[PDB]
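Take this structure first; my questions come after.
Complex shown without one protein chain; remaining protein chains in place.
Order of writing sets the chain letters: A, B and C. Residues in each chain are counted from 1.
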Amino acid sequence: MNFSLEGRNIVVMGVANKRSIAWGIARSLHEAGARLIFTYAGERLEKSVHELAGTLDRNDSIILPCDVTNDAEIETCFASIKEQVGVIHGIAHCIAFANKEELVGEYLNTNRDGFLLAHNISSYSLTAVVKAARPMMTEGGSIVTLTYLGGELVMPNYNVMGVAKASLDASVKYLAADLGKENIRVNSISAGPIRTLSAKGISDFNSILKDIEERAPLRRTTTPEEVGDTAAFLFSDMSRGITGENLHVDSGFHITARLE
Amino acid sequence: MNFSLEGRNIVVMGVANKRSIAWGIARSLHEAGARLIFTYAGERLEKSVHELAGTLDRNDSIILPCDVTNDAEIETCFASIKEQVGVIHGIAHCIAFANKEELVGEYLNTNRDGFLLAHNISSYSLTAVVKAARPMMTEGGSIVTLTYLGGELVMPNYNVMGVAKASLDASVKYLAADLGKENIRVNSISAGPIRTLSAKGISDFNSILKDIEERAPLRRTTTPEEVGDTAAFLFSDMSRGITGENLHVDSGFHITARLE
Amino acid sequence: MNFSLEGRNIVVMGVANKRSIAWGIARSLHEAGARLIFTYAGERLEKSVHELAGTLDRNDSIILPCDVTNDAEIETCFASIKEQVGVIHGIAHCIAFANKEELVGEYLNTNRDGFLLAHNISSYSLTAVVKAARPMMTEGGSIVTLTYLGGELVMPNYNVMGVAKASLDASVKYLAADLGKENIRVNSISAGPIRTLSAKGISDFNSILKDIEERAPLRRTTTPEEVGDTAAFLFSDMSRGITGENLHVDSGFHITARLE
Partner (left out) sequence: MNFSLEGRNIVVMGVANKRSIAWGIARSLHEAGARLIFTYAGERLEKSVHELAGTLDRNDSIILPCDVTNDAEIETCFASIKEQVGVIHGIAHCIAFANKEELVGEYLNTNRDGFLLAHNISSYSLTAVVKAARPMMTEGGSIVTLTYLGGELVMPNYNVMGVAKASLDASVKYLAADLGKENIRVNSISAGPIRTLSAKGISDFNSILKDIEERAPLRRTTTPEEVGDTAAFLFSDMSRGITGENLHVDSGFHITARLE
């Protein structure tokens, strides 16, 4: 086996701009040879994502809308993919949302509507996309989602997104147990903090990143390319023994408890 | 400090019949001296629960309806409790629901509505009850919920309830981090399987229980009284250093991987 | 069942002075009614421990030497216990040692001799004491050891003691799986930091304790009495469904990743 993704069609869900973790993943996968299908939420991202995809050195990308709020766009999107490419070999699920005011101060700033919205977008959407993709994954495949340490432990302010990530992380395991008999693997990458659009609203994020640079074993914060290169492994056949796993790409921060 | 719960008002949520784990908890807490407030869902359980409470040797129990589907009954119920007793010292949250057809065969038998219903009842309700109880917990307190190993690992058929338990387990941690500054602890008991009303629908449950008897370190399945006696510790001052914890009351089954 | 330890003979291993965690455990167990057998290492501790035991309100304690370096004293000690009391119902194992210069700076300051000494005293000794006690635990029983979060994650300077605690924690599980068929439970308490004789040599320990007071959910550092009161639960019949478990008595610190 080898690391090449030539002849693999991979859906990358969640590019918003060039700082998106999904854009780090798309670059790594394209460099490995994959043909990419980008999905975006919101008509104003369409041109953005088309332009970023156009910087890739092959012009073979497909770009499609897919809001994951309910099933309707999911069905439209995956029908297009089925007609255009026939078979899907992977999905990178890079989607999260919660109401921003719930991600400041106490976790108890959430409420039922917000809690269920965060779980719908951040956790159920993986299952919804799996459901729509499964019958087109006829040649085996690999599904990767992104999680964060605040789904395992309390991270200040992460709040209802931590609870939704814990739901996502459990779903990765149950999906992996349903799909491995069809040679479909399901894993996550637990990325360290990265200054993306989804970092806007964190207080004193510069202090968080500085502390990671001091406390993490490798003495540096995570990049989208580190995350991308681990995702290229997970979509390749090199990782075929691995499913239901959560790989921390966080400079080792997960093994530490405090800064000396 | 001591194990007594004399002078503690504890709300026990989720008695349905004498096999309920919540009924094991209520017995242990009453024996330790607590005054109990029982809550029930559905008008047909009212007389049931009143009768079971009437078997306790003090006639000081309060029995109130509290469906946790939205906030409305929660607010009514906790207002009654505030007027009747003034201060709450504990809550035992023993509530779960998912659509039964999602808890057979593949996890992918769920759907958005079912997934969000399971999360609403089985996970958000703890937060909803916490929110309504917090201003009446003026003397410090202890909150205990019930979880199951299928929120940590794949258990056949547990499916969307495992994902909802993983959300519940994360919420226990974030609640504990919000409330410890008010001397309120939040913990779970991860009970081994018990033949309750919520076991109806498990296939070959007799085989599951027999396997636990063979594989568990202590060679026996869990009882509601084992769970109750651990919950009496968690509501007592003896456990005041413990919060955010998940105590397995499962005969040791959690430490095993297979039956020799 | 009840919390009483009347009629239970419990061996408490590792009192050195009144700050020892084992002394917090002995107090709680004596208050619950247990008859205690204290063991000490080193002839200079004999009078110390006799005097502390003499402050207990019943004068029924036995005090015996037991260095755990090899098996010889273990055998002498447990033979005395067998003749004096007949049956052992519990052991509190509160023993650790590593060379102090290995617990400063890098973990790589250890060496083979030091590593194996730390493992012998801090981890194998539990197995050695279990082996000598097992045939006198004819009425069921409960064994509790003390561990620390640095066996689960990196804690600065904890170094080879963290590795030895990880060995101890695994041994708790395998012991629990061997002994549950004889109604003997084996658990640990993972205590938060306490200023004991085994804290001498930690740098800036005042800063560590202050940070725990800020970061821990309950906003306070651990006491020996908190640890003692959880150990009284673990030796009582109230905890009979629990074995192979690690209970954190740390003010909730284990669920946090950083100080906001």
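Some points to look at:
In this section, a contact is a pair of C-beta atoms (placed from the backbone, for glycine too) under 8 Å apart; a residue touches a chain by one contact, two chains touch by 3 or more.
Shown as candidates are A:42, A:54 or A:217; the residue that touches the absent chain is A:217. The chain omitted from view is touched by exactly one of C:18, C:131 or C:219, namely C:131. Of C:170, C:199 or C:259, it is C:170 that touches the chain left out of the display. By the touch definition given at the top, subunit C reaches the unshown chain through residues 70-71, 106-108, 110, 112, 115-116, 119-120, 123-124, 127-128, 130-131, 134, 151, 153-154, 159-160, 162-167, 169-171, 173-178, 244.
Summarising the interface, subunit A meets the missing chain with residues 1, 3, 173, 176-177, 179-181, 183, 185, 192, 216-219, 222-223, 225-227, 229-230, 232-233, 237-245, 247-252, 254-256. Residues of subunit B that touch the chain left out of the display are 149-150, 153-157, 208, 211, 255-260.
Note that in this section only the chains that are shown with their structure count from here on.
Taking the mean of the C-alpha atoms as each chain's centre, subunit A and subunit B sit 33 Å apart. For the pair subunit A and subunit C, the distance between C-alpha centroids works out to 43 Å. The multi-chain contact residues of subunit A, meaning those touching 2 or more other chains, are 153-154.
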